[PDB]
Amino acid sequence: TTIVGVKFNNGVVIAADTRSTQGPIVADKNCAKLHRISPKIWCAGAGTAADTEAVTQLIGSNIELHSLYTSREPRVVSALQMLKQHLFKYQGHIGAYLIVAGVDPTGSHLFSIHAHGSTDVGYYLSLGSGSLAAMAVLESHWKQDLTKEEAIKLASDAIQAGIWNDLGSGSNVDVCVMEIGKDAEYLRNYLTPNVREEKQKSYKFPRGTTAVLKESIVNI
Amino acid sequence: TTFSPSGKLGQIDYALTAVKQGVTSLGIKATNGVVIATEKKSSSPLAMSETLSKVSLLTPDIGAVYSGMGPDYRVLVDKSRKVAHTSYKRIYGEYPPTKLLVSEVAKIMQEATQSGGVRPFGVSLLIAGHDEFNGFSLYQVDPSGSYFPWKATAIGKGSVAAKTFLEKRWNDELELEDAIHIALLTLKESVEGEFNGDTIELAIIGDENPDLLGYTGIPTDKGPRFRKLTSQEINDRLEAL
Amino acid sequence: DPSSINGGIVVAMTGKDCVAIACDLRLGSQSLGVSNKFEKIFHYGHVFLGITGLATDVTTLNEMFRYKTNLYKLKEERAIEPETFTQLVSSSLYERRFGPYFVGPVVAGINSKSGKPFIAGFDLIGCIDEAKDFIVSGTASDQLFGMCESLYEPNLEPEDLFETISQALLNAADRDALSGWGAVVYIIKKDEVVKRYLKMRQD
Amino acid sequence: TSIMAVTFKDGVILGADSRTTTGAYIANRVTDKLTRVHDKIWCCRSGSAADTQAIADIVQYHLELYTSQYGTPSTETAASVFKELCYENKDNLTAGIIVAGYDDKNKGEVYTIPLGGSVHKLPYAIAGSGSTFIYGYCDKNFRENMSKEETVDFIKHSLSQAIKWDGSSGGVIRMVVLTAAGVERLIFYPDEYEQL
Amino acid sequence: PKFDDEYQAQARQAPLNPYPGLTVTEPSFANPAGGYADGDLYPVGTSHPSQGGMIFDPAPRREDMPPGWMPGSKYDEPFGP
Amino acid sequence: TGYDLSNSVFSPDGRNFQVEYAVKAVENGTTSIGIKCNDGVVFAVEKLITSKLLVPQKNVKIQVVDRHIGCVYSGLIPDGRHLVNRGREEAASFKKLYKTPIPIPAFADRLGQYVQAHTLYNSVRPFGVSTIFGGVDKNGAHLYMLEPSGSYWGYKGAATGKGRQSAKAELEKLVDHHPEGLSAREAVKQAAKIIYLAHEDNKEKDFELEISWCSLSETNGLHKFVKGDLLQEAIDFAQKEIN
Amino acid sequence: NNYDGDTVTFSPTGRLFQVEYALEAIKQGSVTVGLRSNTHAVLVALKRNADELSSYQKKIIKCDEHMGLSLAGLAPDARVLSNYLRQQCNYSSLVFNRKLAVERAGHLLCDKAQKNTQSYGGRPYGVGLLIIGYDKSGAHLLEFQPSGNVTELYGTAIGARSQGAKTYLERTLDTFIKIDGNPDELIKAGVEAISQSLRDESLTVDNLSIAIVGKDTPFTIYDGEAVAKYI
Amino acid sequence: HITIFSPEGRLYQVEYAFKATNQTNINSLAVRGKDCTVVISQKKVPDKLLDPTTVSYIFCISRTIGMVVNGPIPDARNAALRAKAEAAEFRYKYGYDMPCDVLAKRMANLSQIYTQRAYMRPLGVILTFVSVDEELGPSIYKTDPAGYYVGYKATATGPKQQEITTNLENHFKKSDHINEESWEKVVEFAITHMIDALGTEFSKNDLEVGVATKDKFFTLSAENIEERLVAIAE
Amino acid sequence: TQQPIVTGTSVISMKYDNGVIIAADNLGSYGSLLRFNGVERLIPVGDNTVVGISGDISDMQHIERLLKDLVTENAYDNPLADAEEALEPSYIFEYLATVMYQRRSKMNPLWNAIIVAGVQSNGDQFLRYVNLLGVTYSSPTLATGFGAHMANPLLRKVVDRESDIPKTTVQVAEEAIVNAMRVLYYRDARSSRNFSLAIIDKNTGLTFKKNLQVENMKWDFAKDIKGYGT
Amino acid sequence: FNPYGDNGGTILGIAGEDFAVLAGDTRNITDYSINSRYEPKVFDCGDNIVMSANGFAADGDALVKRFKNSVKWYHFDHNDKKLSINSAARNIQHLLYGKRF
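Chains as they are written, first to last, in PDB author numbering: chain W, 30 to 249; chain P, 10 to 250; chain X, 3 to 205; chain V, 20 to 215; chain b, 127 to 139, 144 to 179, 194 to 202, 207 to 229; chain U, 5 to 247; chain T, 4 to 234; chain O, 15 to 189, 192 to 250; chain 2, 34 to 263; chain 1, 21 to 121.
Honestly, the hints are just simulated from the structure, not real lab data. For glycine and all other residues, C-beta sits at the position ideal for the given N, C-alpha and C. Just so you know, not all the hints are guaranteed correct.
Below are the DSS-like pairs computed for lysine-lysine, each with C-alpha atoms no more than 27 angstroms apart in a straight line [said to hold, decoys possible]: (1) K174 (chain O) - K33 (chain O); (2) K50 (chain T) - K101 (chain 1); (3) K91 (chain P) - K77 (chain X); (4) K188 (chain O) - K50 (chain P); (5) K231 (chain P) - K115 (chain X); (6) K119 (chain O) - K237 (chain P).
Below, a sample of chain 2 positions facing chain 1; criterion: calculated Cβ distance under 10 angstroms [stated by the list, open to error]: (7) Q35; (8) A130; (9) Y134; (10) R137; (11) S138; (12) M140; (13) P142; (14) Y162; (15) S172; (16) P173; (17) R189; (18) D193; (19) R194.
I would like the entire structure built from these sequences, with the hints used as guidance.
As structure tokens, this is what we get:
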């Protein structure tokens, strides 16, 4: 997996690839990895995938409840605190590693959370098996006060580096742009650099090729 | 809370009396939406009435209004939100339909009606909501936990007059804006004091509102169907009235 | 290994407007084959759930989902849809995060309202693997992935969908030691379901 | 990691490096290891990051409640809370912490809480994997009642050597100066402290 | 001299049950300890008296995988190599 | 009256009648006083000699908490012992979490919360004692008086019990006469005189005077009992001022 | 009145009726006398028999070699309080090798008894106890009452008609406290005091029970033939 | 005798709890400036043996939130301790300083809990929270024993609540926040409303003043009160 | 606690004709790193008792807090607590031993070895040892850690049996203790030059000589050694 | 953490007509070091019984203290009556087996 977060002059952009693998096999070529904790708080996780899903679901539900209770837009730090306390309570057995980015009345925030409950502030972050390849590009090309377009290009290209140079990362690039003044822009399959090679032949079988012993109609 | 010799639950009738002492609240079903309305009283001219909304969101498709004791409504509402998330959405990945959430709220209020050491809630709710399967819905939930669906209904001190007015006005072919017009007229006829966009408040369960979704780029997600009408939106209609 | 002890296969595919889910019938204890009637495909209304892995967990989850889906049907007055059922299965699997069932489920069905084919897969602890083309689980996951990738193509009509899925399952099972003894293929449509038993090698 | 705290004539200067590593990989090269547990009380995190951050949040909660109920705490109260939390969970926890703060009655104070969970007042304290390389330098160069500039230069040189020798220490040298005047953030970049 | 692991990212998890939850594979249940006097209870002191076919092909050990890893679950390495 | 057979009740006037009936129990207790010094606080209490069988100078009624807090009370004596026990364990807990001895204001807060808690539930009786307590901490000397209702204030001088009115009048005259404040040595004798004057309206029975005090100078900040030479000096001073 | 029936209710005058009736419970019981010198402490008890065919109640409970007590009022409450005192002294011995000081024991019983007088559902102990013991600080004698009050005393008498015994003890206070080097005269004074509380009855080898503890005397109870020399 | 419905639908016990709020016989005022919020409350020291510094009803709940209580001081201190615990809990649990109105809401919910469970009596106190919110600016939130709460443009409470309320209403209608430029000016303004409405001139000992400002709520000492009073006399 | 991290090495003590002498160095070592040199491991608990502690320093501070709480709670409702019914060495040792054994039984042991030295009110010397396992014993001389091997023979050469105690004066015992400190400094790698010494005497009470130096070191023979073999 | 040790002591009980003898050495040990020359491990238990709990010293002390408590409670209940040797044996059996694991 390859995630990157990139803060820019007026927001933060979080990007990820879409390949999902079980063992050395590509279980899904177009897995969506960016998850809403809120309309303007988005996360993407590594490690035990099921734990990332369950924990993000829990935190999103609790945060929407709290936002309704307080009648205030969620703070990114609220999600950070709740997530890190929950992960710490289990002493890392939840195994959820996340990059959480979002926008709130206090500004644009980019954090990372580790399974044992430690967190980090950052201006550019990377995660997953492709973390090193993406971080190489981020280090080479990141600068203070990137524009939104430069930020999107930089995040997309770091994810592309992870895609090209890591086996556990591939297919398409998902991008989500959070900006201070307006709604988040989720860009599903922002880049599609890995279109499918065409079949040399159509391997459809003539009907009747299979041998059938019995046939029945099921009363559903 | 125990049966009296006549078979009535003793303290529930007192909760109903407390509800009757509450301010008028309304609900009207159009063919393409639902309106819920209520007047909001003020403790003093200095109090910021805009701080408190008697209408509240339970789920992006469900909204609630009440007549009776306000604090009871507030605690019942956050209990309702908690159950709607923990008990249904945490499992099925979707918000409970109006029928299911109404049932859970009725259960919450009925537990107090069937448990010692606690008095029943002193609020009657009108829970408007929408479903992909049941369609639009409007339910009145009483202190006893008894809930029944209504085409249009009114609760509070103006209950009987508002009900007799709705019985005249309601018809099977109302659109949402006609329902809003009827609700405005009915609630104006029941408000004894000043009537303007700040004393009245409205909410509608209508078509999708992607402008309120807060994010873009997901075609599948639709956005809240519940939305409150701002003071200016209500003033516009009262001026056009 | 609890997942490899009993073997078994499940594969699901989406046609143009229909889905197909198929499984092998072998049940055994590693080397020894015990029964040829352990059907791993269960249905709850119009949604079909195939489960590979430890057979005790397969049966336990069949009972659990029968109970939960019957209660859903009664108190909702409507059958559980494939998406809602997928969420229910995911939540139920994660409930035992630290004591998990050693199973891989596979959901297949057609959403009654939209009429759109739907299939999804899972890991031991409820990682949703929603996919648009086909889902694979069992001891022959590798064989089935390769075979379905080679054969499957979009918008297969029910007859060609049957042929493709049956050939994929047959050729995948013939190369898996712990799978076989016949297979059953369900062809699921908006208004009917066809169950067919395939002839194959009995070794 | 290279943590350091040095009391001086007008208060205490707390300093640290910014490099965090996961094995040989520098997972974060500009991290801030100094934490404000209270207005004039700052702690430094060493050992497990998760344990140190949990302890810091619990101590912030306890000291906020103490401030609201009993008035402003001293550095000693903060370090005592640290001590109780670390000791009652010493088997689970793996955190060593330096607590530095300024109170007018005591001026600058420094307590160090090694991995065992004991409490020690010291004129100065060094912690982290990089401290091992500057025990001799700090011992031979520390002086009582240094001036602010002397203390800043002393901490700069000490952390410079610690960063030079420890692969797990590096990045910018950050310091917080606690004094009656206030709290001052200071940052010194590699080309500044490496050319000493 | 070891490197610092502040996040415990490289932290690795009696012997471990190969398949958690199943007591039938629990080490203390798969191989229970004998009674202190089993030597006097049974004559010889004991209450009691593979994979890969013809082809040489060439799972992880729960004791060196991270705590969050569940055997057979989908897991993505958080930090890479 | 009504509305006074239960503890957790407000009467139509908004009055917790059971708390007031508990207060009336304090009004039947023996007089106890406290006085703040320039650098300390002094406690004194009447001990009525019901009979000659009582062992003199062994049935103590002033109690220490931790080491720097002194407590004295009037009313249902076992209730005061219960309150002092709770205060002791609260001080122990505070000294366990933190390390400084519990500040007198913090201890007063703890005791006020405990006593007020007993006025919340139908299932528990209010405290039948009004307790005078204080001590020395980093911010000098403090003196507090805590009522059955859980209310408490910081006092310059406090008096509770049957003779509370005359003791209060004499404490007012005391603080008026000594605008520059009292020393510990002066205040011991002064409190002895105040207690002796307090008994004069309760003189139907004999009594024993018990005095205690804490000071930065004369105890180095620790609570101690008046004994021997100083005790007798105070007794002669009080009797001379009465004669 | 309406405030009598609950332990957690003050009367309008601030009285706890439910505890004063516990005091009446001791006023129901038979007399037991206690007195001390600087070196010895003595208990004297007039036992009761339900019928001419029935044996007498044991009114002296031995804790251990340095401490013991007597009863007045409800015997089962005495059982409970005495076993709690035993638990406390035993705990002190195990955890500190320390003889539980008699004042410490008195205040522990005070604290335990106070709890019943404040929390609902509990009943005040309808028994009063006289506790004697000898420790590093000399001989002691304590008076315990249901209200929780515990008092250290030279001598006292609790139970029916104990006022005469207390009057005699007050009269002779200056004498019996002087008794030194021998327990005989102290026991004689105790039996003389208890004799003041007898009406239509007299001290006899079966009615009377005597106990003593002191420097040279581990807690011993004299009864039957042993008490014949004092009657 | 307990919090249950009378046949009229009224909770007589809660109504009695309201009446307990006037036992202390002290009045309070809260006003919002452009950038600050101010509290004025009467300090009545009936006994000369009291230490006036310890007689207080204004409470520092957090760095930003101050609270003012009318009613018995034991219940006021219980509520203040509970509010402090809630604020620390929120700061720990959600990672940022507690909003003033959200604290008002949880305190109202907690008070409502007593209004429904017969196990415990309601607190006979009315709480007034004041803050300069991080987002919403100056805030005043009065809370009732019934569990009812609402934000205010200005607030007065106590036996003579109505007179202060009338004066505030007249001032606002003749002019939502006070146009003064510094917190001292608005403190003086509120003191003048206390002087006019109550028809009484206060000594520096009779007044308590709590001023809420960005990242600081603080209570004025006696000499600061004297400064404000002389500025009024100026 | 399962493993000691920061530790104080050794404590020695012996009883002489009128009381007990006990000493301990002021160094707490973090492994082989002589990290903290200002630690005080002799804990007075009265004019008649001093407690020497070894092992984990954090557990030592916990035990010191326990002793402070003992002293505090003994004075409650105890008007005689300052002259009789005061805490004897026996009571302190018994409480400590009970706590140590209980912690052992719960598999959460205090990794300390504690020597409680003092004099009972009857004048009899008290000197007993207790370790993490709850093992307790008394002897005319006691030592902990390397003291049990290095120092203890030296002290036993002075008072080998109970019959030798009345023959041993203050000066003889103090010289023996100081010589034992010098030897332990020579041969114990965890030891320090600075040590504290406390004397409890039935007549003159507790004397507490802090920060003493090891003196009269012998090193001048080292100049003749020329390495291994040749 | 190994919670057990061996303090190297020996005890010896001999019985015959008219008498019973319980003898044991006073040496106390830890590994190869002598802890103390005179630590009695045979105790006069009162009631004309003698007890010893040789072995691991801490457990010996604990068991002896527990038996003292039990016999004293027996005296509390059964009117200070003499405890028999068989009753003591059963008491100690129940003490020992109370910690079977």
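Do the hints match the structure? See the list:
no.	hint	in the structure
1	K174 (chain O) - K33 (chain O)	holds (14 angstroms)
2	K50 (chain T) - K101 (chain 1)	holds (23 angstroms)
3	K91 (chain P) - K77 (chain X)	holds (20 angstroms)
4	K188 (chain O) - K50 (chain P)	holds (23 angstroms)
5	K231 (chain P) - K115 (chain X)	holds (16 angstroms)
6	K119 (chain O) - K237 (chain P)	holds (21 angstroms)
7	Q35	holds (6 angstroms)
8	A130	holds (8 angstroms)
9	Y134	holds (6 angstroms)
10	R137	holds (6 angstroms)
11	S138	holds (8 angstroms)
12	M140	holds (6 angstroms)
13	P142	holds (6 angstroms)
14	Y162	holds (7 angstroms)
15	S172	holds (4 angstroms)
16	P173	holds (9 angstroms)
17	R189	holds (9 angstroms)
18	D193	holds (8 angstroms)
19	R194	holds (7 angstroms)
Comparing the model with each earlier hint shows no violations; every hint is respected.
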